[PDB]
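One-letter residues, chain by chain:
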Amino acid sequence: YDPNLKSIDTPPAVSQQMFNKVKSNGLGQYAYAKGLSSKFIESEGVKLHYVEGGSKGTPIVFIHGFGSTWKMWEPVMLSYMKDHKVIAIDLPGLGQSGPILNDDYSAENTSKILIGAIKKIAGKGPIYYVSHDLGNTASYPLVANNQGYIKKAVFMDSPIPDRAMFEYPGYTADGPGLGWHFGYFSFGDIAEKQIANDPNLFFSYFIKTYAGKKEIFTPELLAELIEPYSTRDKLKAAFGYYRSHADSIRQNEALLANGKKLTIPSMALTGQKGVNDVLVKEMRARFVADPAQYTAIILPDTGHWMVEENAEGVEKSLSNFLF
Amino acid sequence: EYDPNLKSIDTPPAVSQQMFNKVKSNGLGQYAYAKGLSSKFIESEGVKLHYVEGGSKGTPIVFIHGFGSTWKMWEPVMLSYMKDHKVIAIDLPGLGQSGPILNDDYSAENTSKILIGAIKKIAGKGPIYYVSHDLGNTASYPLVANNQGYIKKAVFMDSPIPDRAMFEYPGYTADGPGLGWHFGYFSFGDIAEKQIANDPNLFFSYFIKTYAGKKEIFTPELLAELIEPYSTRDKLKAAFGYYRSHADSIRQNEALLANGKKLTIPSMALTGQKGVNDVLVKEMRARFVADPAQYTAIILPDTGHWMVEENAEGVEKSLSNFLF
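Read top to bottom, the protein sequences are chains A and B.
Note that the numbering used here numbers the first sequence so that position 172 is 226, with each residue one more than the last.
Note that the numbering used here numbers the second sequence so that position 291 is 410, with each residue one more than the last.
These aren't lab readings, by the way, just hints derived from the structure by calculation.
In this text, a Cβ means the ideal position worked out from N, Cα and C, and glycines have one as well.
Each hint should be verified, as a subset may be incorrect.
[To be verified] Facing chain B, a subset of chain A residues (Cβ under 10 Å, in silico):
| id | residue |
| --- | --- |
| 1 | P153 |
| 2 | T263 |
| 3 | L275 |
[Unchecked claim] Dumping the calculated DSBU-like pairs for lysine-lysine here, alpha-carbon to alpha-carbon at most 35 Å:
| id | chain 1 | residue 1 | chain 2 | residue 2 |
| --- | --- | --- | --- | --- |
| 4 | A | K77 | B | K126 |
| 5 | A | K268 | B | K333 |
| 6 | B | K143 | B | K333 |
| 7 | A | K75 | B | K176 |
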């Protein structure tokens, strides 16, 4: 939290002009760099958007989270595609993926949707799997239940839903705590509605609060990052993950109680100025069978939006761990 | 209690604003005082406070509302007691018809200082009984702790008194959004102020019904009356100042508790089973009371956070038995 950060005063109508420009000119989530291919695939009745590059080499699957789309991974995808098949999927309901109509955005359901698509896109495997933010919510069952097919897994910054997610405090001595948004985002359809009235206002403040390098987030970049979350339908989907967290927690806790910890190499890669050490301690204590297979890296001076803020640190950390 | 099936309204903000305008122009809601009651204002530490009083003889009872409320929440209790008691209900600094704390210091110590000055003038030299609800519990602990004797007995209702545990209440629970989440949202820059000002009826209709046990009571017209007082940025800014100031209030109350300034006068935690429930009951017993023999804890069944709206009988009986 930053007591000194100001919220914007941009009129929502002006912000909508910015979002429209992004969509009309194929910028942001719609901009696919040379070598990358935008595609759609149906899985369990859900139309998923994904972007892929490369061909030979162990495939690497990248799953974004809240405030992001496949786009967050583009710099890393570009770096790796000469040596690896790279695949970045928009989570169900977000980016250019369609919604889960029965509102079951729990880890088990999203993992079922994702693995089916991945098996078709990536092929026989094995593959590497890399996740950030809600990606970590969507993915634990997928990873835990497909070890072998998944040869190594990385979770970034955000905690994996577990018992502690019923504990993170709403308020702290430093102001608003890690826990508060888990509550606001699951509080009826209130966040969807309020944020839909002025997405630029909420997200400009939210995104910068969780950034270490705030200067990276110019109004232009923010317009590109917020456009995919600028409508009620996309916000409803996003907040479905939050509504479903209690389900996700029960599901992951059941997995751990049945012994389904990670027995493949895994990494917690976090930003010191982001969620910082929560995921590192969590994975070490509860999710890894053998600490010797576990790597923890906390990037200094780097906030939650790890590739935006430190693409080089992320690429190097991933390369050192995966390859 | 949280109900995942409760629907938010879809009333257009402009239509809601006309509801608010009607409340004000017709003198309803916070502007409506029953026969026997008088609306007055008083300056304390440069802050103009609004209050309503009734009665004359008998131990005075001062009532302090919290978030989502004004003095108005106390009216039925005030009417019930005014025959035998001076009764005084004050709008918290910044809220209802009270003016704001200009330096944004809505910490317990500051609001307690502003309140005690006015109370001494309105209520007289004492002693008095002190009854607090919701943010009243945030505004008032130093007032009560530092003025024991002048305050003969004290009641805190439903909400926790700021202490170290407020740094622990979870944002999320197996039951959905937790007790902690609003403490974060309300102190998250000026975002709550700005978002809620855009459609106060939408936010408060859902918020108020959520924490109600008896939801049917909250008709659109009652909601309009409850929300009108929180329908502008200036009123929301003040409300959320209490939340920005909670870390301060916590330090202040912890310091009082550590300096023995626990409660040595009789005290009561009075809560609603369907509201915050047992948090305050456990908190006061464990940390705020010097002698358990002086402490009463009552949790009203089938009653949510808005305890006088939902169970005036339960509140009056509990206060009467404790106070008298």
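Each hint, compared with the structure:
| no. | hint | in the structure |
| --- | --- | --- |
| 1 | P153 | violated, 18 Å |
| 2 | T263 | holds, 8 Å |
| 3 | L275 | violated, 20 Å |
| 4 | A:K77 <-> B:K126 | holds, 32 Å |
| 5 | A:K268 <-> B:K333 | violated, 46 Å |
| 6 | B:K143 <-> B:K333 | holds, 26 Å |
| 7 | A:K75 <-> B:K176 | violated, 70 Å |
Checked against the numbered hints listed earlier, the structure breaks hints 1, 3, 5 and 7; every other hint is satisfied.
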